[PDB]
Amino acid sequence: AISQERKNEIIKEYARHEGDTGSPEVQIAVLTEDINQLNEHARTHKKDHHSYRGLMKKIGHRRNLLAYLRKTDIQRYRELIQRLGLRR
Amino acid sequence: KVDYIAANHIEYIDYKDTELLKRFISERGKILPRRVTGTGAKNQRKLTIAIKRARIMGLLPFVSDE
Amino acid sequence: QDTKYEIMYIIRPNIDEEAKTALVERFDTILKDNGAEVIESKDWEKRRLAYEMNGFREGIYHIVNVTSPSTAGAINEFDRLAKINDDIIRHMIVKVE
Amino acid sequence: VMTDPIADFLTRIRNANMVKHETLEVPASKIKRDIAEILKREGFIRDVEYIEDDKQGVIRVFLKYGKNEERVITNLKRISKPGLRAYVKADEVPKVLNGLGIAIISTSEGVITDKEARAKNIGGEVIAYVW
Amino acid sequence: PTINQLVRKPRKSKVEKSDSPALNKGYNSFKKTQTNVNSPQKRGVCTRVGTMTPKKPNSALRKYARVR
Amino acid sequence: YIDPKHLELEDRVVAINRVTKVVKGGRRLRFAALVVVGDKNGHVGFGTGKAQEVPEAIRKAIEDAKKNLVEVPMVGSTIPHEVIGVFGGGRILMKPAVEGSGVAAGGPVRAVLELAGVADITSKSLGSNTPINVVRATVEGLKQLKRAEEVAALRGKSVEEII
RNA sequence: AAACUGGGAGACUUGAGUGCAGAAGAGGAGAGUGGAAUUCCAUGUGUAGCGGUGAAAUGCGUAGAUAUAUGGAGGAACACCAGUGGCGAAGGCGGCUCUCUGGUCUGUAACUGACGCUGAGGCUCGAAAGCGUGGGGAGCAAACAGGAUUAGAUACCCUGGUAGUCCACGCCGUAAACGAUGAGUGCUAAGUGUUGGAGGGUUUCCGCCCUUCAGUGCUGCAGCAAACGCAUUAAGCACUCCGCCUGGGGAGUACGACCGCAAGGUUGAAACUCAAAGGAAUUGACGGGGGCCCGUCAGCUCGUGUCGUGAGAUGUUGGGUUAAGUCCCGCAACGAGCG
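Residue numbers (the authors' numbering), protein chains in the order written: chain o, 2 to 89; chain r, 13 to 78; chain f, 3 to 99; chain h, 2 to 132; chain l, 2 to 69; chain e, 3 to 165.
Hints should not be assumed to be uniformly reliable.
Stated by the list, open to error - 20 Å max Cα-Cα, derived PhoX-like pairs, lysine-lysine:
1. f:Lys48 to f:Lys22
2. h:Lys96 to e:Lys159
3. h:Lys78 to e:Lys148
4. h:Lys21 to h:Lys41
5. e:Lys145 to h:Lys68
6. h:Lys96 to e:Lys7
7. e:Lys148 to h:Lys65
8. o:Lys47 to o:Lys58
9. h:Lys121 to h:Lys96
10. r:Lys28 to f:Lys44
11. r:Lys13 to r:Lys28
12. o:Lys59 to o:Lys48
13. r:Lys58 to f:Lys22
14. f:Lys22 to f:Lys85
15. f:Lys97 to r:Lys28
16. e:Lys7 to e:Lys42
17. e:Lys159 to h:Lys68
18. h:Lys65 to e:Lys62
19. h:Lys41 to e:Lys159
20. r:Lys28 to f:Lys34
21. f:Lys48 to r:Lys28
22. r:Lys58 to r:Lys34
23. h:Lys78 to h:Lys33
24. e:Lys52 to e:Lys42
25. r:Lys13 to r:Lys64
26. e:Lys62 to h:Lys116
27. h:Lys68 to e:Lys148
28. h:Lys96 to e:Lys148
29. h:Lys21 to h:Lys90
30. h:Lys41 to h:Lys90
31. h:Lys116 to h:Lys96
32. r:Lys64 to r:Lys54
33. f:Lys97 to r:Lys64
These are computed hints drawn from the structure, not numbers from a lab.
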């Protein structure tokens with residue numbers, strides 16, 4: 002839902018080298034922006050059951066990528082989840 | 013039978029050029045099928061939206077007997 | 003960027019030629035006060051209609067050309083004021099591309 | 002998703018054999034190359050050529066047919082499966098079709114035929130029967 | 002089933018039952034009635050006698066008794 | 003190919019069947035016969051025919067039975083290896099046996115097996131027991147028997163290299 | 001001992017995702033708006049019927065009906081377009097404009113580097129009917145009233161008519177919820193339609209030929225099936241994971257337990273009783289099924305072949321002609337007997 006300038010704005014600060022659109026940092030940060038905006042839209046339109054499906058699938062994708070990042074490098078994982086403000 | 017919207021290379025329909033629209037409606041005002049006019053699948057969707065737009069803005073009759 | 007619209011309304015036929023200019027300028031203003039960059043405003047033609055709307059079988063068509071960001075509360079203001087007037091009969095706002 | 006590449010190889014061979022045409026290609030692997038050599042040594046395949054560009058593969062097999070276009074391999078079966086593995090002891094090595102067919106066994110000293118294993122007296126994982 | 006389904010929940014067969022069930026009995030003397038003691042016969046006292054008519058399509062008056 | 007019917011052949015009845023067809027009024031009845039045919043040396047055929055009486059039926063069946071015949075290889079009174087023959091709901095397993103053990107086989111399959119000169123073999127029917135389909139499945143399973151010579155010829159090997 | 005499965009340190013790009021450039025759509029939520037028709041109301045003209053059925057009657061009408069002309073009020077559904085078309089995980093989604101929003105497809109080759117698949121228990125959604133609170137209510141219509149029909153008619157038919165069908169918010173959680181066909185992945189002849197893209201040629205090709213992705217239909221081979229049939233959209237050949245079955249009744253019943261305002265839903269036996277119950281196809285007989293013909297009818301079977309796993313079929317079906325199974329032509333049939 003975020004514009005195409007917000008997206009590049011936030012993938013230019015979780016990159017690692019240049020040209021770095023992959024790298025699970027980028028993907029979970031952009032997914033976090035999406036999930037926040039969709040939560041807003043749901044609070045407003047709470048009987049849009051057909052958009053809630055997409056919300057839930059984004060949440061599944063993010064949790065999966067987090068599991069991957071943890072199982073391979075705990076330092077990057079901790080530093081991220083501090084920087085991004087989650088892990089309740 | 014050639015798609016007259018493909019005769020010219022016409023990009024937009026504009027629902028205002030009631031001269032072009034008026035050849036897809038019968039002698040009573042009803043929309044003619046994609047067969048009797050030989051147009052394509054998507055140009056037909058655009059044409060239908062065009063004349064439905066026209067009828068509302070009073071450029072074109074819904075029914076025409078009186 | 004922005005989005006482009008085309009507003010098209012139908013004025014009453016039997017008005018004079020100064021209330022008409024007053025109306026046109028009025029709605030240009032009240033479009034612009036909400037951040038709607040108007041970029042064209044014309045008369046079109048005098049036509050008869052295919053059915054009578056209120057009691058009228060003629061009317062004067064006027065079209066405007068306007069861009070704005072998609073969230074500005076401008077183009078709804080036109081609606082809300084136009085459906086309570088006495089000289090306009092119909093309007094159609096339409097995204098243009 | 003693919004979970005058994007050895008079974009996929011075997012079913013390519015059987016599928017292209019039953020329709021009776023004379024070539025076949027697979028993505029390569031160290032185990033499939035082994036059993037392609039074992040299939041070539043006994044007389045089921047005619048040849049095998051190894052191309053390789055930028056991913057694993059590939060391996061090309063050339064089937065073989067009789068004098069009246071009848072088939073030299075008649076069927077082919079995967080024994081050990083991911084989900085139920087089959088290990089055999091040196092005195093349990095099987096004899097498929099009373100010696101007229103072969104079994105393929107992986108041992109501590111190669112991927113070998115079932116004759117070569119009951120001549121060495123060892124056992125291991127059982128890959129396939131081809132009769 | 003897959004063999005994982007089988008390992009999660011095994012196979013169970015059907016249970017057979019006699020057609021002479023009143024011949025696995027137990028006393029009613031001290032406490033209660035015990036079921037281990039399969040007999041080939043049992044004895045009793047006949048509380049009535051008489052006759053009855055068979056099913057379809059036989060026809061007779063077949064002699065019987067009721068026994069405790 | 004055609005093993006041509008020019009030998010010394012001992013037939014055998016395997017089944018008969020009273021079969022009707024209801025017509026206007028009452029009922030018609032024929033007799034269907036199932037027969038096997040062989041010489042107890044390795045050539046066996048089956049065939050069936052129907053007529054209005056039992057002798058005429060069995061005759062037409064032997065007529066039919068002789069038109070087909072199979073080769074049935076063996077290696078010293080015992081089948082070369084193990085086969086499973088399937089034809090429409092009849093499944094029959096056959097194994098090589100021990101010298102002087104006999105034939106342990108059911109009704110229909112033992113007729114087929116004995117009239118080809120088989121002496122020592124074990125069988126089992128994991129299927130239906132309708133005589134026609136049992137006979138057809140049994141013959142379907144003999145056709146899979148492979149000689150030891152042919153295998154060595156098809157591959158690039160010799161015998162005593164694969165046995 | 002070190003091939004395979006597991007563990008540890010690495011490396012790779014094909015699976016999976018991301019970036020960049022594009023495409024289609026009754027996908028969903030909110031807010032306004034348009035015309036056609038039905039009902040009621042108001043007014044003018046207007047004379048005796050209207051309405052309804054297989055026939056009638058009940059009903060409305062000389063307090064001026066029906067018809068006809070002009071004006072208002074309200075509600076619900078969206079003609080043509082419209083299509084074995086499109087979209088959605090399913091239930092489902094069709095007038096028009098704007099706002100907010102989910103997914104799919106195609107090309108490319110910046111990037112990450114196996115991040116994947118399936119999923120008991122758990123959550124979310126789920127036609128119609130039904131339940132609660134407060135609105136709305138034109139047409140249709142359970143229950144109900146009146147008229148008919150019949151031996152009777154607590155039905156079918158006619159005149160009326162309440163809940164409900166509609167909106168907001170809660171509850172319910174079931175359907176022949178069906179393709180009676182769980183999801184992922186690879187492999188195996190061809191021919192022909194249509195929806196959305198991408199490349200090459202001839203080039204007004206933007207209308208034509210060829211190739212290639214993803215949907216959606218028809219025909220058909222190997223193979224499969226008990227037959228029906230299925231067949232690159234498998235019911236074929238194979239691997240992974242889940243759900244479920246084990247003769248018919250008793251019975252989705254009883255008991256216990258969880259859920260629900262209720263109605264009920266989910267879970268789920270045994271005692272006893274029968275020797276069958278089923279699927280698919282075959283020949284007859286029947287139908288308040290259909291078509292052709294005609295005005296002593298023209299039919300009933302066999303032998304050798306071929307077809308079918310089998311009962312069986314073919315012949316004896318088809319065109320024409322004839323009073324005629326009477327003749328000709330064609331055809332896995334060729335001949336024969338009584339008519």
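Evaluated hints:
{"no.": "1", "hint": "f:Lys48 to f:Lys22", "in the structure": "holds, 14 Å"}
{"no.": "2", "hint": "h:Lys96 to e:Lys159", "in the structure": "holds, 19 Å"}
{"no.": "3", "hint": "h:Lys78 to e:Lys148", "in the structure": "holds, 19 Å"}
{"no.": "4", "hint": "h:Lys21 to h:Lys41", "in the structure": "holds, 18 Å"}
{"no.": "5", "hint": "e:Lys145 to h:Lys68", "in the structure": "holds, 19 Å"}
{"no.": "6", "hint": "h:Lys96 to e:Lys7", "in the structure": "violated, 39 Å"}
{"no.": "7", "hint": "e:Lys148 to h:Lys65", "in the structure": "holds, 18 Å"}
{"no.": "8", "hint": "o:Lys47 to o:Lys58", "in the structure": "holds, 17 Å"}
{"no.": "9", "hint": "h:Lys121 to h:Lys96", "in the structure": "holds, 15 Å"}
{"no.": "10", "hint": "r:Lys28 to f:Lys44", "in the structure": "holds, 15 Å"}
{"no.": "11", "hint": "r:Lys13 to r:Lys28", "in the structure": "violated, 25 Å"}
{"no.": "12", "hint": "o:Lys59 to o:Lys48", "in the structure": "holds, 19 Å"}
{"no.": "13", "hint": "r:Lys58 to f:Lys22", "in the structure": "violated, 34 Å"}
{"no.": "14", "hint": "f:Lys22 to f:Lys85", "in the structure": "holds, 17 Å"}
{"no.": "15", "hint": "f:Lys97 to r:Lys28", "in the structure": "holds, 15 Å"}
{"no.": "16", "hint": "e:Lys7 to e:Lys42", "in the structure": "holds, 14 Å"}
{"no.": "17", "hint": "e:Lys159 to h:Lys68", "in the structure": "holds, 15 Å"}
{"no.": "18", "hint": "h:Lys65 to e:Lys62", "in the structure": "violated, 44 Å"}
{"no.": "19", "hint": "h:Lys41 to e:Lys159", "in the structure": "holds, 12 Å"}
{"no.": "20", "hint": "r:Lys28 to f:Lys34", "in the structure": "violated, 26 Å"}
{"no.": "21", "hint": "f:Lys48 to r:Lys28", "in the structure": "holds, 14 Å"}
{"no.": "22", "hint": "r:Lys58 to r:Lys34", "in the structure": "holds, 14 Å"}
{"no.": "23", "hint": "h:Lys78 to h:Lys33", "in the structure": "holds, 14 Å"}
{"no.": "24", "hint": "e:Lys52 to e:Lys42", "in the structure": "violated, 26 Å"}
{"no.": "25", "hint": "r:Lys13 to r:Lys64", "in the structure": "violated, 24 Å"}
{"no.": "26", "hint": "e:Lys62 to h:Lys116", "in the structure": "violated, 52 Å"}
{"no.": "27", "hint": "h:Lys68 to e:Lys148", "in the structure": "holds, 16 Å"}
{"no.": "28", "hint": "h:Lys96 to e:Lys148", "in the structure": "holds, 16 Å"}
{"no.": "29", "hint": "h:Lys21 to h:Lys90", "in the structure": "violated, 37 Å"}
{"no.": "30", "hint": "h:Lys41 to h:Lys90", "in the structure": "violated, 26 Å"}
{"no.": "31", "hint": "h:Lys116 to h:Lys96", "in the structure": "holds, 9 Å"}
{"no.": "32", "hint": "r:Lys64 to r:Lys54", "in the structure": "holds, 16 Å"}
{"no.": "33", "hint": "f:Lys97 to r:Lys64", "in the structure": "holds, 16 Å"}
Hint compliance for this structure: hints 6, 11, 13, 18, 20, 24, 25, 26, 29 and 30 are not met, and every other hint is.
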